[PDB]
Amino acid sequence: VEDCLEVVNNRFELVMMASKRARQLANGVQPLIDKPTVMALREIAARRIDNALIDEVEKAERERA
Amino acid sequence: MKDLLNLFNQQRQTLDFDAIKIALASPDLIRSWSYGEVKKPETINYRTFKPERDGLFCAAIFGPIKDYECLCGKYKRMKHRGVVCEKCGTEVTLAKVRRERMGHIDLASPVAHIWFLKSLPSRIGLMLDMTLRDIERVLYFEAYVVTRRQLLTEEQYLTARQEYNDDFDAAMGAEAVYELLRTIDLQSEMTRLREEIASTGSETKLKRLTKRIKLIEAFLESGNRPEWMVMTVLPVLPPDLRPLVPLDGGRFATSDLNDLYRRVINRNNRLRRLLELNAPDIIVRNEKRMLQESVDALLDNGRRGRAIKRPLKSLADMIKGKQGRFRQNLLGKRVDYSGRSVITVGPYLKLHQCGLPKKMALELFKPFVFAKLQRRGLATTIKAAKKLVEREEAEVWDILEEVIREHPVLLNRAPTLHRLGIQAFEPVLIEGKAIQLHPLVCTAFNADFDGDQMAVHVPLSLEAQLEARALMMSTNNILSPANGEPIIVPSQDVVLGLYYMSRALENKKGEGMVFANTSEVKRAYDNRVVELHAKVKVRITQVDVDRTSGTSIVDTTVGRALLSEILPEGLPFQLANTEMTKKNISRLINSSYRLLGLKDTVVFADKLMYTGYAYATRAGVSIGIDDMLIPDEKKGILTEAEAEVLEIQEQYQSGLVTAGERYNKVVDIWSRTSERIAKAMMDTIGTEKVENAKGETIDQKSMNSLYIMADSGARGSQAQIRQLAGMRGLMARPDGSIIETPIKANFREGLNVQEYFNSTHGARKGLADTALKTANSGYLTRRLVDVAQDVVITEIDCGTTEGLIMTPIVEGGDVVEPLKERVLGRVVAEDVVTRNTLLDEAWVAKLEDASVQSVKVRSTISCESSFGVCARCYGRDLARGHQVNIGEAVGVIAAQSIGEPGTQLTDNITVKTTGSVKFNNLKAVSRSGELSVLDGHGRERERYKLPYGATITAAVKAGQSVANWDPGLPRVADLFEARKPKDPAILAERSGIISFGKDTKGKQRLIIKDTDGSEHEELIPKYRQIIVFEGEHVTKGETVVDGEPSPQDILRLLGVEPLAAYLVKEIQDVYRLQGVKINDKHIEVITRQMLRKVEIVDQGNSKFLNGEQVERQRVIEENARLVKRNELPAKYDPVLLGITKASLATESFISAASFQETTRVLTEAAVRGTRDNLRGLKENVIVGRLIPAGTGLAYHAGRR
Amino acid sequence: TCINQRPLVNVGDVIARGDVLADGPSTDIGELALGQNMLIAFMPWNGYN
Amino acid sequence: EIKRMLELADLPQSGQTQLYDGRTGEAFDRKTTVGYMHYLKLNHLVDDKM
Amino acid sequence: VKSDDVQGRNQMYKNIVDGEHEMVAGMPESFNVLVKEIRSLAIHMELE
Amino acid sequence: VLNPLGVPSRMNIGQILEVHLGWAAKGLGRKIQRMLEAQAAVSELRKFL
RNA sequence: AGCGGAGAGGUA
DNA sequence: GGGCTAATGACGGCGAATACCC
DNA sequence: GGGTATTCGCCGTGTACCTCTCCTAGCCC
Ligand SMILES: [Mg+2]
Ligand SMILES: [Zn+2]
Ligand SMILES: [Zn+2]
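Protein chains in written order, with the authors' numbering: chain Z, 6 to 38, 45 to 76; chain L, 1 to 147, 156 to 316, 321 to 558, 564 to 849, 860 to 933, 950 to 966, 977 to 1007, 1012 to 1024, 1139 to 1371; chain F, 792 to 840; chain V, 1236 to 1285; chain A, 1335 to 1382; chain E, 1138 to 1186.
A couple of the hints might just be wrong.
Unchecked claim - What follows is a list of derived Cβ distance ranges for each label pair:
#1 F:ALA824 - L:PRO585: 33 to 43 angstroms
#2 L:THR553 - Z:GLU72: 47 to 57 angstroms
#3 Z:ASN62 - L:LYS1151: 33 to 43 angstroms
#4 L:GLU413 - V:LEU1280: 42 to 52 angstroms
#5 V:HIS1279 - L:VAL1247: 29 to 39 angstroms
#6 Z:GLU72 - L:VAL1247: 46 to 56 angstroms
What the hints assert, rightly or not - Straight line, CA to CA, 20 angstroms or less: simulated DMTMM-like cross-link-like pairs of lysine to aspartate or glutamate:
#7 V:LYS1284 - L:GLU443
#8 Z:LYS46 - L:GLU418
#9 L:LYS399 - L:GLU418
#10 L:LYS371 - V:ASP1245
#11 Z:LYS25 - Z:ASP66
#12 L:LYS998 - L:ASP1213
#13 L:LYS1151 - L:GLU1186
#14 L:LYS682 - L:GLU757
#15 V:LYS1266 - L:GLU705
#16 Z:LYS46 - L:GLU443
#17 V:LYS1266 - L:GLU543
#18 L:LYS1207 - L:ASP1220
In short, the hints are calculated from the structure, not lab data. For every residue, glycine included, the Cβ atom is placed at its ideal position computed from N, Cα and C.
Assemble the whole structure, with the sequences as input and the hints as a guide.
The structure is reproduced here in structure tokens:
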């Protein structure tokens, strides 16, 4: 959790970003790298997923719906 | 009764609003509220289960009993909606409208509301300009009212009617008060009162006039009416909110509101029957008096009438109090997905995981088990899945093990006075009936293992699970919220093993050899060829951080070399080279958290607890009756004290000394005897074992169980050891007197009955003391939480360059708080260093090497933010060593950290330490003298006070005198509430030359002459002393009366920052006399919350004698002086309020009516017609929205 | 809880006025019995105590 | 009196004897106090609270 | 969601047993009880 | 297996004397059982009592 | 068949 | 037996009315 | 009219949990 507090300064923004990534992963999607929240935190700490990419995936899922 | 088709549809209510408006209710609006009128006081008819028509429980007024059903049964279908039956008139609708619809009562005579009359700020008394006793006599039918405002006895009314021949009208009762409230105007009376306000010259009459002006202004700008205070139409509660409870045998439980409603309806029907009969005036007067008394018992029972062995509840008692509808159902709610069990200790667990029973986790994780059983295909429906769960095969255990793997649970202690009372753990399935817990967790929980129960909760949403993983995990909460020390400390059984392993002996087997590395030491110890306590010079390789590796040879112990296998590469060997004690391992854990990180400290603490248990099991430490030694010196000093007390008894009986001085000499020589016996016992316990090395007996420290358990830590101190070896000394009585004879026997020998009587007396006194301490600590914690709850870190930078001067606190003895503790944790204001830079331990070490005395700091008492605290003015966080995040509620943490140790609370200037003496504010002719000293490092250890005319004798050594001669928790509660003392110190009002007194007219007068300004006279009582010289000069803020000063005259005279400095100094003095360590940011934000209100004296937009907020007055002043004005803003002074008055004086009527005096805040919000903007933390809990602190700040940013 | 009165006298033995005939619940032959007797060792054992 | 009743049988005087560990078979460093204590059971069960 | 709301606990339970994640919060019913108890004291309390 | 750390904190040492007296009582009971196990005389039991 | 107001005892 | 039937063993802090001679 | 001096009330005084009993019953037949 130290790397997750290293890639972003604020903690609540990290919580909201991991919540959005876990909501995207729970509906069924391929991850960047077993629980959805733990995989979201591992994808955050590996500097693979960004908030802009999360918003792009959410916009693609809203357009596909 | 039962309905399943309507139950499936959801999202019917949006529940989206912005504000909450509370005001009065007109009788036409109350008539538009209800749906029917009740007329009979009959709820349920006898010998049948059917409601009574036009009663308290009726179907024509509120709603049907059964769902989609009438009373007769003509309509028994769900398709019929909005149709009223013909025989019994009710709507065929849902049965949930009985909880929403309400009724009303048409009263034959108007009555007065008791919330506008019986309150001490009476509104009808201020609006009609009448006293309370006159309206109390008029409303209770004892006198008359002319219609200009004077009282009339019935005999005087008869003489007035005979003299006026029945021409002037005069009425009695509430109808005359209603006519008086109807025929008054709000505009012309306001202009008349403003005309009288410019001609008055009195003090209290001006206060009455501006109170009447404020009441008329509130009645004008609220949109209400003065005649709406009397109640013509009385609304009733819905019957589903006040249900009847049945008992066995057909009986029903008694109710409180139903009996009052039946009494009101019965007296109203009796009044209607007496009015239709055309009764005389006495009978209808008594009936109206009984109607007023029943309305008073219905609204607020127990105030004036107290209608009944036990008084029943009413509408006023159902809101206020602890058992009301506000504290039992809104703040604290019963939750599901939760349970409790007893706790045991689990040494095999990790820090982030805990134990959980199998059936308990099966009951808690039942919906996830049902969902996984539906997904796996083992059951088509949930009924077969539930039967497979209750059958308890192996597949449900596989499902329960697969579900609980990555799902955290919230473990909670039943008292939650700590910030860390709720922690998140990853549970495992154990074969038991208790909840296993890690031993490093119960220190922060303050939980024992004898009958302790802990309630668990499971988060089920994804956001709640991620919040519990991020900011509630036990591995993330290492540091304490009060101080910088970590809350995880190794307890007694592991520091006992560490102290047994780290000690060294003189002569042991296997010493004097050289080993290669740590693995050779382990291989030599595991083959039983070398003892654990042996001075063996080993060679270890450690890297040094700035990472360069190095090797060296150190002369250590075998146990200290075995301890080096668990230390990481970052920690140096200078910390683990000494003997392991409680403070040594505490500062070692602190250094490992400071210079290495987070997870390495967690795994190091886990390995440390493991090796502590492993080397405390192999030690076999046991206490017995042979470990406690009894000296002959104890008997020697006992016979010496017996001879000396016989000598002083003969000297007292001879007639040379009195009884009290002899008794004081007796208790002093017995205290000296007990001190000498305790010193001899500590000398014969701690220095008992003498070892022989190389044929010579060299003295070393003894290895006894009691001495090791006293020296290691996390056990009893030396006061507990001296009660077992030597005598326990004198005993204290609760009246204040010490007993003349002590207890000259420990627990190892026998105790007499007269000593055991004093022992159980002291035990009962201590038990009552800690009971009242726990109660007062809980009350102070609740008050401090409700005071400081609006401060939220909103912005990152403000731009305030005010600052605060930090000085080390010396109170005439040992230091209270040094510079390295008070400075560390905040940014600086002025260059001492670079401004707006967070200070670390390296900066504190650099400032200590530079020998700095005072540095300007940025505190929260001087901030320029709008409804919040800046992130830079607060400094660093207490749980994490970095900067405080945006959105952290720093008020609740501060109040909880102040409320931590409340259950644990309770001439000659000769220097003690050496160092150079430097005078401060000296000229001996000096008003305020400080005899501060400077040590070699540059810190101030001693600081003594110097009176007027102190002769100083003086690179000054210790043991000399520079100036020779010149002839608990209620304290913290009185500091926070700022109560006036019994003897208040009168300070100087103005800075001028002191003059002689005036003529004495019962009180002393003191005038201070100025250059151009006139002298000001201050009255003082002649009972107290006074020290004013004739030919002397008095500076600003000097104290002319010796006594305890109040916060008010300290705040209003010289400034704000010395007031906060004095408050922080006194609170830290109390908390360091206790022994605990609490940071000063909590006291600073409490002082900032206490200074929220401001008082103006002459303004153009607002009034001249009203209080307002600081930031609101500032934004109104800048909006006034920004455009088309030059002399707009006014000068104001800061005012102080206590903790009981700061939370009540709030524009939010929900949070102000939350803890104390609900009726006063409710009637104030009803009269003024306030609007709650929901800009708080508790009102978002009451309404049900998100908390505007932490993860909910983005929702409040996107909402507005 | 369960209460029980088990007898303790035998067949054909003389007694006096005041002797017990049946031990009551949590009661010995004439002494009060609350618990059992078992070996105690005062030592830390792997953190389980 | 307690020391005399201890010394009447084949028991040590101080009441502390050296016992071995059952897990590894090794001997402890010190002697512990071994004896019989009248230990009872309370009514606060684990089934009533869980 | 867990304690006070009538429809909220049913929606959360069916979202748990269905697999989807859509949390819709609402006002507690005890707040409506407090509003109906304040309105019985002839004091108008409106949710603007 | 009890914990000896509670003894200096709670400041009671009557349990240690109770442990020693129970150890002496169990030793006396074992000696009486060893005396009555073999064929012993009445005078040895009389002088032991 | 579910919704409760007092009184008493006990644990942390 | 049966079915309706309307006490005076607390304690502390605090804002507001009386009493009254100058 | 206007300052002390008592004085009558108003309002508050820790949390969590586990067992048990008893609930308006009175009367002229
Ligand atoms: Mg306990
Ligand atoms: Zn009908
Ligand atoms: Zn600021």
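Hint numbers not upheld by this structure, sorted from lowest to highest: Of the numbered hints, 1, 3, 4, 9, 10, 13, 16 do not hold.
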